[PDB]
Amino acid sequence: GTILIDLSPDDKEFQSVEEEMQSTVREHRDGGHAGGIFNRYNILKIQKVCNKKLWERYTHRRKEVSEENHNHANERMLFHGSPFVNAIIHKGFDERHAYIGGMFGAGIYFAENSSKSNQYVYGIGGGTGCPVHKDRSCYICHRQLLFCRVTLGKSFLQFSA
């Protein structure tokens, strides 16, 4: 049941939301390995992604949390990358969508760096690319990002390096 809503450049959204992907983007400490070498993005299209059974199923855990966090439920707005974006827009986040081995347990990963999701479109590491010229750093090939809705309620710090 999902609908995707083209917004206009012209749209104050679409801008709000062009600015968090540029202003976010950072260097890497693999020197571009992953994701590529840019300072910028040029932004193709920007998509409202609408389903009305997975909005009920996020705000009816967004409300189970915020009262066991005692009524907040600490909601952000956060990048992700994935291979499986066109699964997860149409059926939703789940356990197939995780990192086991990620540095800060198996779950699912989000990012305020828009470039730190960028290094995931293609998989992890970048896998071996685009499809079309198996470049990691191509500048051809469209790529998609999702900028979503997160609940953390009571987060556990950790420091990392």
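Take the two forms, superpose them, and find the largest set of C-alpha atoms that agree within 1.5 Å; that set is the rigid core. Positions refer to the first chain, counted from 1. Compared with the form deposited in another entry:
For the residue set 98, 37, 43, 50, core-aligned C-alpha shifts between these two forms reach 2 angstroms or more at a single site, 98.
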Second form
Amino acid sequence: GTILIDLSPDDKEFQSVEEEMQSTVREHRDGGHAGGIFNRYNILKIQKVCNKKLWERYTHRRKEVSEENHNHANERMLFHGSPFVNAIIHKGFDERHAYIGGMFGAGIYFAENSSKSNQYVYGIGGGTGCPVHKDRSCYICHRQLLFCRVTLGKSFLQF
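Next up, the form deposited in another entry, please; the one we just looked at was the form deposited in one PDB entry.
Partners and other molecules have been left off, which leaves just the chain.
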């Protein structure tokens, strides 16, 4: 039961998410191999994802994490890029669909840099690029990133 609320470009909530997307673009060591060559985005659509069931599921977990982390959730707004964005907005994030051989194990990965999450939109290392043109640096095909509430709680530092 997911509702998408289309935000107007003149809405401050749209502009806030727009600016976080544009301002967190970085130069990448792969020189654009994974996510393409760009300094900015064409922001076409920002929709608020409204799902009561998935939100209560989130806030319930957040409370449990707070009580185990000195009454603080350590909540962060972070980007997620994935070929499975359509499934995530309808059924929620699902650890059961995580690849076991990730750098930090079978987990769901987030970035504070939009350009980092952009590298995973078409798969690991940008996969084979956009479906139509097989181009990781495609300027034509429309991409989708999630800007997510993430409860980190007590976060284990790893190199």
